[PDB]
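Trainee: So you can see what is in the structure, the chains are spelled out below.
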Amino acid sequence: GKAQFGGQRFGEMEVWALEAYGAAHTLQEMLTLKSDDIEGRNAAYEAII
Amino acid sequence: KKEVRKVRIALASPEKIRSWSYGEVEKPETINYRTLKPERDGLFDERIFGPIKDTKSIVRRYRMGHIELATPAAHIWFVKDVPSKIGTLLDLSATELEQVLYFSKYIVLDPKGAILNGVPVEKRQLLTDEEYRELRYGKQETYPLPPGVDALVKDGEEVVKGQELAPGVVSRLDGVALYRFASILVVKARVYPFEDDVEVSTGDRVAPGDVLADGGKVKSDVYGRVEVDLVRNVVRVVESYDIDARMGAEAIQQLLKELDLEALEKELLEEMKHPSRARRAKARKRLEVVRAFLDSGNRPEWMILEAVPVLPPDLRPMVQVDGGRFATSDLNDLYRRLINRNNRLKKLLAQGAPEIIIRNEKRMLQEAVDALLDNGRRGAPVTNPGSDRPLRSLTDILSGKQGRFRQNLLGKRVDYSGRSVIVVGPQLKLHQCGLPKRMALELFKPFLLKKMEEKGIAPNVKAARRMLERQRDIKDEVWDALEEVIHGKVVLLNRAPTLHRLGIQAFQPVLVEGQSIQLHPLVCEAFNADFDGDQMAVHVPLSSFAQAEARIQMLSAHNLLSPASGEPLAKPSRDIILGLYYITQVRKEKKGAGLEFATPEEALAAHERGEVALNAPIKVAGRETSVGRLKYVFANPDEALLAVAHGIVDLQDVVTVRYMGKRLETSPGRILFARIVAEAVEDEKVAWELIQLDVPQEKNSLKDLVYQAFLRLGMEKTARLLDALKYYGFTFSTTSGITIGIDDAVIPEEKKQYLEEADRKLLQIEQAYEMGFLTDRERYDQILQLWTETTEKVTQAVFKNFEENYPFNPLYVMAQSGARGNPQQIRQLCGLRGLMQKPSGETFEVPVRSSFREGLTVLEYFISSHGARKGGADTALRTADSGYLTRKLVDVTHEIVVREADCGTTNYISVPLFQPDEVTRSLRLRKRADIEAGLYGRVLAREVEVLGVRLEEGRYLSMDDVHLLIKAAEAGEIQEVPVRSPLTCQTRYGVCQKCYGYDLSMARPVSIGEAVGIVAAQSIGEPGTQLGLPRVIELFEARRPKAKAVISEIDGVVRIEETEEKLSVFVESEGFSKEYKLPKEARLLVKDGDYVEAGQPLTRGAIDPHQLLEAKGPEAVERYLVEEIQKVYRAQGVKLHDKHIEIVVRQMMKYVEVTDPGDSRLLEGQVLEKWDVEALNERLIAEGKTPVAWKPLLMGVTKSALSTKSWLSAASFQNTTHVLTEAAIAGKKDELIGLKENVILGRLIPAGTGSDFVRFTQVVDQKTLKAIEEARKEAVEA
Amino acid sequence: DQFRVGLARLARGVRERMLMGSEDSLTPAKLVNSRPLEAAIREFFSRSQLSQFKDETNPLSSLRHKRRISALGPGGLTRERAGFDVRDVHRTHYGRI
DNA sequence: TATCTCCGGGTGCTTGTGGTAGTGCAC
RNA sequence: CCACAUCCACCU
DNA sequence: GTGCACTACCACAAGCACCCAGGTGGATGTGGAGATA
Ligand SMILES: [Mg+2]
Ligand SMILES: [Zn+2]
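Chains as they are written, first to last, in the authors' numbering: chain S, 1023 to 1071; chain U, 2 to 55, 81 to 207, 391 to 1236, 1255 to 1505; chain F, 342 to 438.
Derived by calculation from the structure, the hints in this document are not laboratory data. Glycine included, each C-beta is placed from N, C-alpha and C at the ideal position. Careful: at least some of the hints might be erroneous.
[To be verified] Below, a list of computed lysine to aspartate or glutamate pairs in the DMTMM-like style, where the Cα atoms sit at most 20 Å apart:
hint : chain 1 : residue 1 : chain 2 : residue 2
1    : U       : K1271     : U       : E1308
2    : U       : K610      : F       : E421
3    : U       : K621      : S       : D1058
4    : U       : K1418     : U       : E1342
5    : U       : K3        : S       : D1059
6    : U       : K82       : S       : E1061
[To be verified] The calculated label-pair distances, taken between Cβ atoms and stated as ranges, are:
hint : chain 1 : residue 1 : chain 2 : residue 2 : range
7    : F       : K395      : U       : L993      : 46 to 52 Å
8    : U       : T121      : F       : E384      : 37 to 43 Å
9    : F       : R437      : U       : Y978      : 29 to 35 Å
10   : F       : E384      : U       : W21       : 42 to 48 Å
Input sequences plus hints: build the corresponding full structure.
Mentor: This is the structure in structure tokens:
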């Protein structure tokens, strides 16, 4: 919000569209790596650096 | 290290609760205001949940507490659920007995009931506290006696009703009155004198025949207690024997302590097998619960909870807001209240025992526990007075439209994402999108940091981050590095309403200057995105695995055709269509001279001279050829286009051009379009043969062209052709100059007199009403018919005028092509918008004579505002209804994934090719669109040869095959096509490749591992928002229509009797006759004496699916459901394939209930496939021929979705409470099959890339493979 | 309406104070307290649904916001989720709405 | 005496209850 | 710190 | 062997819990009486 813009919604309709394709790893990282898994997101940030 | 495979949910024992928690909380003190540190052992204690200072604080996120209640309590879920699980395990009424026992002052008693109170032996009756408190201690009465007055009754006088104990004292019932000086004690007891030692002491309760005292001289006679008074040396025995006394949840516990499941199960079986279905219904209803406890382990003894768990503090934190004030979740308030009440109860029980106060406090504590567990089920506890907002309990956190399930199933927040307004991207290619450079730099920040660390921009990553934190340090080298980073990366663009699969699309970002996102025009229809201010979101996948996924199977260049049907979505849009129509149009003006040209060879010079003068125009309508074709002949298309560039001939001019092999009398515009197609693709012969250069390029022509190019060329060539078409359409629409003025809305003059004629007819009808010849309904129908006929006549006249006089009119040109507008809109602009619907649903009698070319009267505009408001409200609500339907379908169908070896299905469906009833009795060929939607992309069940061509069994039906079959059916060879269908597939969870079909975004057969269920649900639900719909709802959710049509269940003949009270239709057979009563409104469709079959609709109207299934069978009702669902979608012009509807219908009736029991109960319904496996195991695999005779049960979409083996999806779908309760009664080991469960757990999706068929695929290059194979063959010695 | 609600609250308060109070020469202070009525007025002017933020984008915006009529209100009169029957215009709206 | 702390609209479901016909006791 | 409630808008 | 009342079963009425599209931006709001310091 005031500090940073904040993340964009991914809802369920977007999830339904994403898994309607064969994309499974994209959904896996966008539900855990880029959304919630704190150790996962920290490790991913360090690895990308 | 081991992978998660199953998720089990069950009840938790008090031992489990104590094992979870680390200590107990006793103080209701959250946190002191002055000392920000935790106050005491309460809800935030330091040593009970872990260190608050940086193990990290995450331990406090997971450590749980517990509260040891001094009084047992029962979970509100197991007592207030609609099937009361405690109330159905025991023989207690759910609604009133259970709660009056569980809250109020009522007593249930198992052990002793032989005592008599006017009622025979008591076993488990519910009796009020008053009558039990009486029969506990006999029948006691007390009478004070005034001092100084001696009553006439002594200490041992038996007293009956009416006896005067004194000059003013009289009793009321039989008993014994003991006298004192100073009172009278009336007891219902028997007194026995004795003079020897006592055998039974004071306090013991005795049974008849037992020795009381004095040896065998004195013995007990009735149940009761013995009291010995040595003042008169007498033993009194009351008629109240030792009987238990229990109240509250603790009492319930005792019941659950003494209940054994095996004996109850055997008794239920015995008392269910014998009687009729009336009792056996509830018998099996409770027997299933008993078996659920028995087979699942956990006993119901701990079904009520003794120790209440306490959530970790960070899950219910208290946060400073401003100026020291604390914002806290309602969880802390509920926990504080429960702790305070439990402490008060402990203190009260410790100090003293005032029974009524103790009981009130017990009720209060029970209510507090229930309110904590779930708020609203009994009363409405609220926050501090002044804010009437009910407290949020655990159930509110779990359930609701905004609950834990609907915030973790969705991943509501993403790191690498942004959003911005979208603008048109005409210079972009179809596989590209324009990304603003600032948001692109921000989104790719870690990649940019790594890239500039690779070079010498910054020493370390901290320096790079502080360089990029302030925009005044931006440099051209940073932009070059950013461009280098995103050379191969792709980003996912998304529109806020994601109706179907194409709402997410991958693109190759191109750095642009500005704030908006540049979007390719051709994807303006895949998304429902115009450029009137709407915004779109962008996401950046990180892993190379996800990058490959997005670039391969989500790139916009690879998705050109719909998943709902074969119609392309990357078709040329409005402006491109307009430009291509303008360039490929032929104009004709007038013929002024003798058109005869075929015969005279000297006429060429004469007509050339005539064209030199004004005798004949260049595009003259001659007999054989125009003078334009004679005057100009071009050796090559290049010469013709060069002559056009010199202004000699326009692109809309008829002319003879020598093409590669023939002389064509065409226009240079058509030749240029053909050349555009031929250069967009490589070869020119194929391009020439896949176009039709004899007609204007309407939108249907462009769609067919795109489909043919995709079929015969592939992916890249189709995309290049689309790009070329878009570019040239833009250029020629710009140079052609299409403009709309007020004079372009030409009003035909003939329509004028048309109105007059109608007006005259109107007047006639008016006088026809004043003579009494017509009724109000008849007059209204006549007026409506007249106006709706003259409206169509005016539309026809308008279009005829446009064709005849102004072929190049912008409105007419846009209407003919697929650019914009409809004939109704063009009529409203130029003709008249006559009929306007009333808010009541009918139509106004007075039409609107004027149009928008003219000026509407105030009344006409006020009338049209009605329709405007109706449309707005209808959109704003039907969108919500369609969304709910889509969610239902997705959740019910989400488990269908094509995982398969080709199933040995010797079954199929015969798709009809003729409409069975368009007139009362007639057969005609179905429409081409319906046949294509029913046959295209299917697999032939068996070989069929129809027109000298052998269509082999197992061959996918392409579009050409569908056309051939339609032509053959027109010729009259075949009427039904036997094809495979998902409805007959034998796959466990999903459908096989053959039984599914051939239609996809591509044309090739479906790949194994694709989640066809979700795309099917999306395809069905997407048109609903742009749509009737209640009919779709009542078909998908199997219901009983209000206008039910009577159907017959057995073959016979029809006997109609026209009794005025109610028509009687008789189905007459050889051995019996059935009778049906049809009211006056029952407008039937059968004739007397006609043969009638089972399931044939006797009357016209909707057919209830359940009775149809009972009558004909599963296949017939499946076909009826599919056809009825397709009917409404066809009526709205939506082209939707039948594969998705068949998937949903198969998932709708995948349940059967058995009639002849095997190893389970009879009247229970579950999966058809499980019963098939059980039958195969019972009959063949194992010994014992026990036929499990079942019948298929058809249930709605909601019921099918709710009743599933996996409890995670059911809990997350509709109702967490009931589903979780059912999955808690019996330990439900949720196998992680289905996509919703894996989304919940966040693991790899079983569909798509995660399918075990393709999940692991070892990849090695040539040299490593050669080395390891050399190792292999050297292991094979010699 | 909000003022008379506050006045009724003040009337209940003064009745209770008189019931508790013994003597009589206490009219100024020991009878009426400004807290209930002032609190009611402030609540109405701050947290009510019809008392809403002014839209001063331009003079026309402010004027239109000043002359808007709402079917909604406190909540017991009209509510969001189901209002389909009353959303349509009426034949009497001519010249008035 | 001051500050702190207590004082709906629609659908599926279940249940019920008089109605209604099979069956038990009297003509 | 961002919790929740209320209101006004924008895109379907 | 039939006339009469009886009791288990069925259609109808009533009470009740549960549903009610997705996304974004902005704005303002979150205590009064008793009891003890
Ligand atoms: Mg828009
Ligand atoms: Zn199959």
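Trainee: Now, for every hint given, state plainly whether the structure supports it.
Mentor: Evaluation of the provided hints:
With a C-alpha separation of about 11 Å, the suggested pair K1271 of chain U and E1308 of chain U falls inside the 20 Å cut-off, and the hint holds. For the given pair, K610 of chain U sits about 17 Å from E421 of chain F by alpha-carbon distance, which is consistent with the 20 Å threshold. With a C-alpha separation of about 10 Å, the suggested pairing of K621 of chain U with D1058 of chain S holds against the 20 Å cut-off. With a C-alpha separation of about 13 Å, the suggested pairing of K1418 of chain U with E1342 of chain U holds against the 20 Å cut-off.
At roughly 19 Å between alpha-carbon atoms, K3 of chain U and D1059 of chain S fall within 20 Å of each other, so this suggested pair holds. Restraint check: the Cα-Cα separation between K82 of chain U and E1061 of chain S comes to about 13 Å, which is no more than 20 Å; the hinted pair holds. Here the CB-CB span from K395 of chain F to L993 of chain U is close to 49 Å, well matched to the stated 46 to 52 Å. Range check, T121 of chain U to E384 of chain F: Cβ separation about 41 Å, and the 37 to 43 Å hint holds.
Hint check: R437 of chain F to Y978 of chain U, Cβ distance near 33 Å, so the stated range 29 to 35 Å holds. Take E384 of chain F and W21 of chain U: their Cβ atoms lie about 45 Å apart, and the range 42 to 48 Å holds.
In the structure shown, no violation is registered for any of the earlier numbered hints.
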